[PDB]
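To begin, one chain is listed below as structure tokens, in the form deposited in one PDB entry.
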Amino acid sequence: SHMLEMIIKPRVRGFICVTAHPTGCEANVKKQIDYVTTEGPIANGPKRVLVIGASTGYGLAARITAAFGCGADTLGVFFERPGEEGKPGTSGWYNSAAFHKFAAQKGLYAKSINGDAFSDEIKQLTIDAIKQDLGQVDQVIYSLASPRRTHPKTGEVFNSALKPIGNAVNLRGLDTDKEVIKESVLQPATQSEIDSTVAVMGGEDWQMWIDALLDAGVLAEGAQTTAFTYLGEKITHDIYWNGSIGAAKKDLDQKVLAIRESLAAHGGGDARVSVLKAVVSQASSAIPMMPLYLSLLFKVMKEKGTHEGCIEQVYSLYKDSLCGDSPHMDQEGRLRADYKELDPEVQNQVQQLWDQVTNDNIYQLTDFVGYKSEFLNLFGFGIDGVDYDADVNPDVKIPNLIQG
């Protein structure tokens, strides 16, 4: 059986960790669950939840909160690679395998669909799943993060860009491989790259989802949907909020209105763009700015007692705003969970440290240690009480997994 099993260690290829540890991912999922159950149940939550992008990061945390905080039956959709012999699957695959296992232990429904959520096919499989099992869903979480989209009608492949708009920008960053503070310049996005980014990360596909569920009649009265967004501090504004990715996020703000209008006449349902804080994710070393900003932010927020990851954010988002008696609303009608990051004193401290960090003082000025630990945690590595010396079978299976 040693030929079918292997010792799995991190392998970092060009800022991407290309391995994932199944036992560690299970431990990470369990830790997120134990957080939710320790904090306690959430009153008045949805009971039948569809999460689009349910295998990692914020969508995973939404699934865990819905299931183990609100007691929801959950249907998840994601796009992940199964493990095979000699070849660890993606962290999201192992995460979902662990979710299904823990859901069943607690007697909660868990079914998942692995495939392209941008396609009509997957929307159909999802509809069919709800009809057979749930009747309808009360809540739809939209949490896809993707670099590309195949348009379901036209077949066109759109690619997102992470560029400023207008002028080129100098962005200070941390190269996590060489452990050097260094700057690079990004050229402004072309109108074409802006439209492509809005096609991928804007709100059309979210619309196509809520319309497809409606046209099939699988949405309960008083239903609710939310898509996640990031606004960030002024230091991220040039590249994020006012760049190509921010153009996409602003498209979401123009989608959420037609969404809310349709659900509000439908038993007083509701729809909101929800704004969340920056966290370490699979794509954090997309641009070396993110690791530097996270390392700084983690240190500052830890000194204030306010540091959080995905599960802490989404638990509050559900308890305070999605299901709570005091929604934390902004001037635009967005739900906000990100205010501890945007606190003026935090921004100021992060901004002051930003111009001071050098190769020599990274560990004295920042929580780069913490960034690295959370980044490895995502793939199931560096976790407490996991025996990393033991052989493991990378081919972990998932019951009630529809493969599309």
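The term rigid core refers to the maximal set of C-alpha atoms that superpose within 1.5 Å between the two forms. Positions refer to the first chain, counted from 1. Shifts are known only where both forms have a C-alpha. Compared with the form deposited in another entry:
For the residues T197, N114, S284, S274, superposed on the rigid core between these two forms, a C-alpha shift of 2 angstroms or more shows up only at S284. Relative to the superposed core, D34 shifts its CA atom by less than 2 Å between these two forms. Annotation for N44: C-alpha shift under 2 angstroms between these two forms, rigid core superposed. The Cα position of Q351 differs by less than 2 Å between these two forms after fitting on the rigid core. Regions that shift between these two forms, defined as runs of three or more consecutive residues whose CA atoms all move by 2 angstroms or more after core superposition, comprise 13-15, 283-285, 358-361.
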Contents of the next structure:
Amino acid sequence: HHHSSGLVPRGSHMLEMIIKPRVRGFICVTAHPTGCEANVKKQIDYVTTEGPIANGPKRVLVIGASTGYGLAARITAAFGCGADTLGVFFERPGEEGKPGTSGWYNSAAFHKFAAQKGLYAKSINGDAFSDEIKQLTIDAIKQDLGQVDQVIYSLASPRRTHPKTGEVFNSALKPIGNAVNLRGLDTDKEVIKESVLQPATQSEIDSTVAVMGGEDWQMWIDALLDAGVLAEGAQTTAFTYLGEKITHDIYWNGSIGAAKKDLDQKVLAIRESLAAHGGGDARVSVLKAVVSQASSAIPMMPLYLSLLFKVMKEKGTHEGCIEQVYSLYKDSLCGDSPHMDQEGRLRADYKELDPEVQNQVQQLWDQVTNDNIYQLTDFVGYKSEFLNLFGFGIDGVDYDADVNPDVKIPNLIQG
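Alright, leaving the form deposited in one PDB entry aside, put up the form deposited in another entry.
Lone chain follows.
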């Protein structure tokens, strides 16, 4: 109520908003619909430019399909191999005044671009750990695809409700046995922060294994096999990180490492199931460390990535999820000469474990306490890539323009 109220239409701005990055620590509380879309398009265009991958899968299930590596796998299979893709993930839909999560807008863009190219895209939203979500997936496959011939397992989560019992598990990102003296980077005030990380409890370890270990992976493959929706000679892979010595205390030989090690045991039994069903296979694939919501939470990773980026960038070998995964498919999942390590894993992360890269990063580490961080590291690149995840800092996007946060996805089963 003012002297001139109602004399004029309010317009669409009443339903739309200006979305700017709002970052705390390694969590960003907003996501930009238009920027997320441009992101997906960027990855699709990368794949389309590299060109088709021969001997690829045709009907693919991606578990964890909305962001990071799982998204890159979905895009590689669909736009690199022409595959049908059923995506599973867990994201918050946008509504008026309330932007959804990145994975939601990424996936909306996926369905949009896939339809444009005449590709099958359907998605299931909910708790991949649950029996309920497993059954919905099986149902979609039965109805639409008959069977899938590749299953990509790509979940990153802080917790898991056990499907059969009700117990919930929280993962811990902590060292093991010996407490670690942690260097690192306060990304807020942008200063070097020295910290002491206590090791983890036995239970803290058994939980982290429960969440990020390979039990659910095996549950998925088992579920698919007796509903009869896994094609003979199918292929499944689950993603992991090994890193080299500098990350070893916190990651490989830490709580999370313990879980990733469980992956290595479970894969043997899973591989057994598949070889019996028409000579399929199962592998753990190792990928390079990248900026993601998941990895950016790991103690040491922001500074490690900041240094890794600096060094790989000058060698000319820096890359992200889509490059990593396109080459995993081209060279390893579908190639004639696959890169197989001693434990029988597939490898895409070698450019990172390059001794020249690692030695450089290591002597830069202790040397860090700079508060002249911008000289020795690519902390700028890190920040830039972190914002990118949520659709910010993309060229060609007008961030000052109103955008509607209410974006819907067709063929999206809400579980």
